[PDB]
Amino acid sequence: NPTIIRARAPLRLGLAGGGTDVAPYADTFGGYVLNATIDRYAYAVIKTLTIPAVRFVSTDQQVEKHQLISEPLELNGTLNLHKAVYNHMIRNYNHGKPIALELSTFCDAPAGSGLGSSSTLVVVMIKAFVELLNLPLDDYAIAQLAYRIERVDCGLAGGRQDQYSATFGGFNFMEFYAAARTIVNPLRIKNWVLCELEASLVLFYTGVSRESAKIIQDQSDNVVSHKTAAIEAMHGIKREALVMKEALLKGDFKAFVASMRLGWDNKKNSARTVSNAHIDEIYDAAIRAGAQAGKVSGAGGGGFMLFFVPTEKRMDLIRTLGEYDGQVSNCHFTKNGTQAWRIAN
């Protein structure tokens, strides 16, 4: 009888520091990122098959089907991450002997939403295989493996923060250093601070961003080509991540919003397409309505925005965002990282 396994991993809001985790900056100066997992998930499912075949199904419902062969699967550009995860697991834990299965993914947010879905989907595929094969991989190992698969095996350029949020869960302050060295600091935030933060945050989905790869490229170029003003903006991103971390540990909401404002200026000045006329218009309207600070969650150029608003202006801000193109939602944080369960066998 077939085995059915599912895994999920929470998506994440980038609170501060994003951009300092791009390869040249982190390797040169050290990066800081403060992020927190929310109540939206990426999912993977493994179904063992009774036919000699392997099948891959994606979130946007692309589908590939291959015969069971004893060579690694080619990374031909269709579903490369699915195939690279499968390839690593067969080679390293099944002695190169293929397994007949279907590996499928789905997600509560599309790519370019700014919630780290791309890397979270790699994590959850890994977790589904950890459960299938009973592997002793710890959280650092899962996060590092996800990074290797996406950035090396599949050669996709990007950041370092999303693998860690997806694996560990909760509020984390991450330190990124040269030679793939990362330190995760789980933040033990007081219950009243978490409730006050949730009561003060409004999310707004502005549509899919098509700028992430560009922004990351520009930020990497700032360091390589010595663009002094742009590197200094990045230095500001880094400083304010620490300021925001300490404000949360101290329950200091005045310092939290001051740091988000400074951080948002810095982020916009680090790469040309982080914001635009359309985002700035939403941002200006939110401030007019009573929001104190805000930012694009991910790399920039669209996707989710978050706003900090005092509770007496919250409904006014919700009403105002109603006039603009996008979807309003509340913000609820999750403490758990990636997890798996079984349905058959």
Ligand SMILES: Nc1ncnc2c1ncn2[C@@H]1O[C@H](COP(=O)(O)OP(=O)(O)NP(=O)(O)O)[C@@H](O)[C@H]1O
Contents of the next structure:
Protein chains: 2
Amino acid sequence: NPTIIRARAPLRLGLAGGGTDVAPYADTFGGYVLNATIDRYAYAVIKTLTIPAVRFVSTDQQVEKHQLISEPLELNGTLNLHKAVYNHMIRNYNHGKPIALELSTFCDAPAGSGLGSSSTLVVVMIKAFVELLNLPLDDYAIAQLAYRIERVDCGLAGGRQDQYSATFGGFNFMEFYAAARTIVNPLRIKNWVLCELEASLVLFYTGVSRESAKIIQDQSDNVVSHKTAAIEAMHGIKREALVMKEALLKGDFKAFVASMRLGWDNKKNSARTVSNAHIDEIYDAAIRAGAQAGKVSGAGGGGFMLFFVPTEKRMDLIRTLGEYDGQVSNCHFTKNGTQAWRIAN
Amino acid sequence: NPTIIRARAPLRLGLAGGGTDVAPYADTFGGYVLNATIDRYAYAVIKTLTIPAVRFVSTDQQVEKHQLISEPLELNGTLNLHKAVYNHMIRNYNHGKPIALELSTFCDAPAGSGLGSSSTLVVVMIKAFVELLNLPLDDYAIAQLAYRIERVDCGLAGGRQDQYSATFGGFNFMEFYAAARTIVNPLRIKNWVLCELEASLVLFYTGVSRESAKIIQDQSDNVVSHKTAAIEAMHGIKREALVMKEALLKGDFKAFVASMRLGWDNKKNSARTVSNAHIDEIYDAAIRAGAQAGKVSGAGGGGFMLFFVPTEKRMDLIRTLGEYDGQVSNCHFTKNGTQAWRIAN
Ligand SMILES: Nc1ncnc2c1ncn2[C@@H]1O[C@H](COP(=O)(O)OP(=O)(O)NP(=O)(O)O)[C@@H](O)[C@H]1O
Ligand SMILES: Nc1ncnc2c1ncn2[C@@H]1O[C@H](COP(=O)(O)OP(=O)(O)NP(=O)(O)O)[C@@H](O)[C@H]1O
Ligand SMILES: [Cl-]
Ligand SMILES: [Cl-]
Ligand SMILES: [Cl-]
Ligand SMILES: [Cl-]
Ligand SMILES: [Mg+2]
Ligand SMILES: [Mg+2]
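Shown: the form deposited without the named molecule; wanted: the form deposited with the named molecule bound:
Then the entire complex follows, led off by the chain already shown.
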């Protein structure tokens, strides 16, 4: 009787505030991020095995297989996230006795796409074990656990917003404090506002960013080394996230676009590689085609861009982007957080 | 006090049965179609004007402007659908007195994409007038009206499935009879089945089909001219749509894929240009990459293809398709039918 479980968690568009969730900034001044989940998913699958082994498979089809032993798996640099989730679950919920299983992942967008894929993948792996082991972990616990596994257990530097979008789902405004304290504010946005927003957003995939780690390091350095102007850009990122949140609650699209423009300027000034000449060319083309505001979705340097465009200019913008390197798509938001289902047993 | 209304209606994936909804077949034997709406939309906007004129704007940015006169607009071959919707509403709900307004449309996929864009656009224009005039038209009435406007008023040959997906939303199994009698069967599919299905579907945009009219004409000719083998292919299309419907209700994915394979064979045999060498090359590549079944979504000859692929082979299939001409995407279903909202007054 093999058991087969799948879980999924939606990826996310960073709307405002990204950068203020980097460790030194959040811990010192408090960070704010406004984000929203979209119709693209990370997935994890658990299949119990009929042989004494553990198998890990990743999105880019890396594979590791081990013999069933009663010591933690070493985090040797290959598939550390899968191993660390596995180690945590075995130690904390199965009294340290290994379980014969294959843990596999796949994702609707590769890492560096600006959709929060890395942390979303950690979240979905945890969710799959929550279903397999029937664990009483609520959304806060899963998001806090995903954070621990990635940033502490696997020692990976990064932000704090992606764990929460992946778990809770929908539009959320997050407040980040010291000692890993995060408050999630679910935003119940009016239906008309959501329809108007999707009607006015165009996404543009520019390719994989290879700048995220560098951007996060530079943003962290801003605070640690007291780079005054760059810190002030970050305070601007924080301020505009709150402005945007209130604009969405009031259905004030004029304020929404003005806060995105100021936010994008602030984000570019916070780190040298957030934008580059190639990204600025697209941005400028989008503006003269009729977009009113835009930004890179994730840390920066590539991945998805999003543009706000009035409906009368929408098709013009879509045609213009067709002439650049990348893929255009509409933007559809999802309300559901991470979900699991069973296929066998 | 200008009034601004927007409406949207979701586009659709043809899952099974397409072709049996062509006029001679449906009227003679009864047609069946299984389809489901996706996360891509057609839109219409109505703005009342402060000058005595009527303006029409289309998705590909064609524009017509007329003086406010008290006779129906001529269907001269430019923007006939917009004009005919306008004429109908003025004659039937405004006692024949013209209304000064701009009616504009735009769409997340161009015609020939295989997503039912043409009829979906007619539906959304009607919905916008339903909101502007506060009309008591339910979903059946809007779908029957969209059919009348396109196929009778504008004399355009085509199918019957798209008007119903655009209006009702979700997964529907439609039964088509003579005298324009259609029964919509909403399918309440289990959540796990829907998640499993989205996890197993990959979409692939091959470019605009220019075969739809020819395919529909050939399918119609099959019946009118008694082409025995080609009629029998169509009976197979019909049969497999019912099989697929029952497979989705039972969560039987083995039967689902077998009915899609038989359906695709039957569809190709119903009309010479449903597939071609270019489409078959993609299909074959998808199969050897691990897809278990696939098809062209609309009438055929191009547009979106969909593939069912087991989750363990999903990323392999995605990588393989990356090497062909077209765009890959995930498949996310929507439950909502056509919706309208107000921006001013
Ligand atoms: N200095 C660093 N060294 C090594 N890895 C890092 C460093 N900083 C961040 N990372 C990690 O690199 C991984 C890839 O992240 P990234 O390229 O941002 O793709 P993503 O997960 O799609 N998020 P984003 O694209 O920014 O929305 C994440 O797990 C980060 O935690
Ligand atoms: N013989 C014909 N002559 C002129 N127009 C036709 C004929 N047959 C069909 N049409 C119309 O051509 C238009 C374009 O349809 P089509 O290329 O199928 O794009 P679509 O609306 O995206 N549907 P599909 O792509 O098949 O899902 C529709 O309004 C049809 O009604
Ligand atoms: Cl972000
Ligand atoms: Cl952001
Ligand atoms: Cl179809
Ligand atoms: Cl079909
Ligand atoms: Mg990403
Ligand atoms: Mg189409």
